[PDB]
Each structure stands twice: as C-alpha cells, then as structure tokens.
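First, one chain by itself: the form solved without the named molecule, in structure tokens.
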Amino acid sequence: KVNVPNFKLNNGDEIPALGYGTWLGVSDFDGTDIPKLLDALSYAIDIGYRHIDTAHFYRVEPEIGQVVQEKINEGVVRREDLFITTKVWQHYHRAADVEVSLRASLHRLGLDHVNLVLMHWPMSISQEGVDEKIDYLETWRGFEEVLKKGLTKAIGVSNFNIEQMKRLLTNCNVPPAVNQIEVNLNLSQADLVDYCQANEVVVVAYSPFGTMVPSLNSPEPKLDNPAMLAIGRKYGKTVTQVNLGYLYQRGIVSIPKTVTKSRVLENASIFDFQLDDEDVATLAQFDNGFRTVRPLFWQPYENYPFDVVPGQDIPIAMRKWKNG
C-alpha cells in the first residue's frame, strides 16, 4: 500500500526513510495511549512500514516485541524485513554496561538482534542524578563490542552536536551509522546535517513537526499557515506531508510519532513529489533556531549537547522507571 524508500548506511545496510515512533512523552510518563500505539503499529506494518524506533527509556519494548512477533506469525513480515532500533540510556555509559542494557532490551523485544542501537544522549548520569563524567568515547567502545558480538547490525548516536560528532569520528574504530537529532522547519541544523552527510552518517530526525502540531508563543508555521497550505495545494498534499517530504528531500530520515491510523497512512504518502527551488526556499525561511526539545535539567552535566542558557533537579521519570 505505501512504498517507503531506503537510505544506505555507512556499514552496507539500508534504513527506511520513514520510521514509526514509539515514545509517548512525559506529560508524569503517559501510558494511556499504549493500546492505540500498538494497534496503529500493527496497521503501519500492514500498510508497509518496516522501520520501528524505540528505546529502553520509552517503556514499551515488551509490547512492541509482542506486536512484531504477531505480525511475523500472521505472515505479514519476516524479521529480516523489519528495521528495529533501540537505545541505551544515561546510566549505562560504562563500556561493559552497553551489553547489559542492550541484551535486556533485546529480551524485552523478543529478538536475537536489533538493526540499530544508539547512544540515547552523550551525557553519563547515574539513576540518582550524579554526573559520572564518563567520556562518550568509553561508551562507544561498548557499542563497538556489542556490534562485534552480533547484538546489533549497526551502531549510532543520538543528540550529538557537531563537536561531539567530530571527536567521535576522529577517535572511533567503527563510525556511527546515524546521528538521531531534532530536525524540523524551525530547527534545520544545517551545519550539523551537512557535517554528518559529508562524513556519510545518516541523519534521523525526531520531532520532525516541531511545534507545528497542537501537542504556546511558539513560532510559525502553524497548521493553518497560508504558505504551507499553498505549497500543499500546489503538489496535492497536506501541511504535515509537505514538512515530511521536505526532510526527505534533505536526505533526512523522519520518525514521526502518532497513534492515529489515518496519520500513519498520511505520513507515508510523501515520496511521489519533488519540491521546486521556490518552495524549498520558502520552507527554508522558517528556520530560526527554536528547539522543541531542550531538557534544561541536563545543562549542568558534562557533554550536554545544546547551547546553555545561563542562570536556571532531574525529574524522577527521566532517571528511574519500570518496563511493560
């Protein structure tokens, strides 16, 4: 039904250009929408999604693994057709801990291996909020070890800035396959994207809609933005589709999150149109540095990746939780 094209990673493998997001948010972790996430996942797989993005932190790996096993049992897919990503959180940054975290995640998901595992953030923080001051290079040795053990087919990072990417790429034995970061119409990360792509690291965007979608003095575009609507009518697409297609056209993988099947379907119908120079220039005008995801409680930690706002306690839901 939908046909998602693939980008090539720097290790020989493909990654589908669109992935199904599984993080429900901290609104305090909100479990209420789980059933809808799972039902829209099953639908996503039925219509042709193969890329599933999850994490230890997202709490739902056991349930995602049940859905995957169901779709495999139904004959809808084979394991080999799916691209499944998980992620190691801030308290597992010692080299030997990456194996413990990932094996546990793999048990939850019911798998031999994932297709991709990420360093969720560059900071090393205990469950009690202590800065462990572990270099992400030490952590990366553990990612290289779990690769060699066949626990994953690829290793990557998330939320690394251009300085962290450069130092990682200068020191690693196996380069990261991806850098997963926020990219949207207000936060283009042009220099960081260009740097990654020049080094053959694929960029994967979370919060691809930034603040455009309803979920306060946040910038344009809003969903009722006349220029977005106009670009819409021109190529016969909705506003969200313009947004995703633009990212796609930057060579960026998107991970939208929705629990609504019509949105699932709509998000994947974005590969049959080319934005022309005029509309690319318009969409580029929305870029203004506004960062949708800026966890201020992590500013004081070593390797916090973003620009610090001078003059500001880690909530417990960002440190200690149960899964399933």
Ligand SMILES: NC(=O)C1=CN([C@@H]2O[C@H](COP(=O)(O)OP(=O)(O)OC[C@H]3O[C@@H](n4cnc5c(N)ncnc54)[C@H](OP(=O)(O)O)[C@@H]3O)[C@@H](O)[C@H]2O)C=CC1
Given for the second form:
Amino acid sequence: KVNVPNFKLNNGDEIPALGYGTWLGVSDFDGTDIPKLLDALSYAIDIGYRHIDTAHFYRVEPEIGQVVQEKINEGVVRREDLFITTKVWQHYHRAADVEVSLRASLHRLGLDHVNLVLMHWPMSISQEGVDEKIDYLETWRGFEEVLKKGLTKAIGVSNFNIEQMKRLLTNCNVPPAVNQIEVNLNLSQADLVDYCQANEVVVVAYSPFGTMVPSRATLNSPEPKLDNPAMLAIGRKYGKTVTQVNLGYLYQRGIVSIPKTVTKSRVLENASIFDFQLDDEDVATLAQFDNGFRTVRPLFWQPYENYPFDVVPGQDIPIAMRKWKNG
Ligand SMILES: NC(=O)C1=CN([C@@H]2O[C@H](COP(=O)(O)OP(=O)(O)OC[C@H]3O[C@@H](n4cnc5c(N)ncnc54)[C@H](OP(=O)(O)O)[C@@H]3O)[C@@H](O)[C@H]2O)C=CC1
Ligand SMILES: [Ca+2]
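Can you give me the structure for the form deposited with the named molecule bound, which would complement the form solved without the named molecule we have just seen?
To see the whole picture, the full complex is given below, headed by that same chain.
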C-alpha cells in the first residue's frame, strides 16, 4: 500500500527512508498510549512500513517485539524485511557494557540481532547523575565488539556534533553507519548534515516536525505552525498536506525521518511523501524557516562532559532520565 524507498548505508545495508518512532514522552514517562502505539504499529507494518526506531530508554521493547513476532506469525513480513533499531543509554558507556545493554534489549525484543544499534548520547552518566567521564571512543570499542559478535548488523551514534563526528571518524576501526539527530524546518543542521553525508554517514532525523505540530507548539516557538500560509501554498501546489511537505523536504535532503504517531491516519499520511519533487523556489522558501531553534535541548545535561549542544551559561537530572522499568 505505501512504498518506502531505502537509502544505502556505508556497510552495504539498506535503511528505509521513513521509520516508525516509539518514544511516548516524559509528558513522569507516559505509558497511557502504549496500546494505541502498538495497534498503529501493527497497521504500519500491514501497509508497508518496515523501519522501527526504538531504545532501551523507551520502555516498550517487550511490547514492540511481541507485535513484530505477531506480524511475522501472520505472514505479513519476514524478520529479514524489517529494519529495527535500538539504543544504549548513558549508564552503559564502558566498552563491556554495550554487550550487556544490547543483549538485554535483544531479549526484550525477542531477536537474534537488530539491524542497527546506536550510542544514544555521547555523555557517560551513572544512574545517580555522576559524570563518569568515559570517552565515547572507549564506548565505540564496545559497539565494534557487538558488531563482530553479530548482535547487530550495524552500529551508529545519536546526538553527535560535527566535532564529535570528526574525532570518531578519525579514530574508529568501523565507522558509524548513521548519526541520529534532531532535524526539522527550524533546525536544518546544514553543516552537520553536509559533514555526515560527505563522509557517507546517513543522517536520521528525530523530532522531524519540530514545534510545528500542536502537541509541541508552545507560545513564541517559531513558524511554521500547521496553518502557515506558505506551507499550505506549497501543499496545494503538489497536492499534499503541510506535514507531508515537511517530511518530503527531509526526504529530498537525503535525510531519513522517524516521525512518531499513535494515529493510523497519520501513519498512512506520513508515508505518502515519495511521489513529488519540490522545486528550487519551494526549497528556498522552506530553507527560510531555519533559525537554530532546537526542539530537544535537555538543559540538565549541560554540565556533563561531551554534552553536544551549545551551553547556555548560568543554569538535577530528573529520575525518569536515569532509572526506570521495562514492560
Ligand atoms: N536519539 C534521540 O535522542 C531521540 C530520538 N527520538 C526518536 O524519534 C521519534 C521522533 O519523533 P518525536 O520527537 O516523538 O516528535 P515528532 O516530530 O515525530 O512529532 C510527534 C507528534 O506529532 C504528531 N503527529 C505525527 N504525525 C502527524 C501528522 N501527520 N499530522 C499532525 N500531527 C502529527 C503526533 O501526534 P499523535 O501521536 O497524537 O498522532 C505527536 O504528538 C521518537 O519516537 C523516537 O523514536 C526522539 C527524541 C530524541
Ligand atoms: Ca533476529
């Protein structure tokens, strides 16, 4: 029903250009919508989604793996058709711990291997908020170890800045396949994106709607909002909604998107974005929305070594970002 194209990774594998996000939010982690997430996942797989993005931190690996196993039992997919990502959090940054974190995630998900595993953030932080000051290069030796053990078909990073990427690419034995980071119309990350793509690292955009959608549109957050006349106008021109223009723009930059939704019509809508070329004029308009506004800026991590973003001077990590139970 939907046909999702694939980008090629620097390790020979394919990654679908759109994936299904599974984080429900600290909006106190909110488990209420788990059933809707699962039912919208099952529907996503029925219509042709294959890429699923998840993480230890998202609490729901056991439930995702159950859905996956059901879809395989029903004959809708084989394992080999799916691209599944998970991620290792900040308390498992010693080299030997990557294997423990990932084997556990793999047990939760019910899998022999994932397609991709990421270093969720470059900071090394204990469960009590101690900065363990472990170099991400040491952590990366563990990613390289779990790769050689066949626990994952690919290794990557998330929230690495251009400096961290450069240092990682200069020192690694196996390069990262992806850098997963925030990209949207207000935060284009042009330089980081260009640097990644010049080095054959694929960029995967989380929070691809930024503050455009009403769930995140807090006042004085920037345009575009869903009513934006220029967005709507670009919409009418190619026969698309505003969210579809947004995702198609990212697609057209060669960037993979992982929107999140619990709503089946959005699942379907989000995937109908591969049949239009935005022209030079509309690209230039869309580029004008870029203004450095970061939707996801966890100020509690500023003091840690390897915090990746620019520090706002003059500023306790909540418990839900350090300790939790799964399933
Ligand atoms: N590596 C990292 O550090 C991070 C990774 N992520 C990952 O990426 C995903 C990224 O998305 P996220 O940050 O959740 O935010 P998104 O930009 O995906 O937006 C989520 C919101 O958009 C709404 N929505 C989705 N589709 C549409 C549509 N077509 N029209 C109108 N509204 C829509 C949803 O509503 P509803 O659900 O009610 O339909 C939801 O409230 C996460 O699920 C996770 O997988 C996220 C943050 C950090
Ligand atoms: Ca498997």
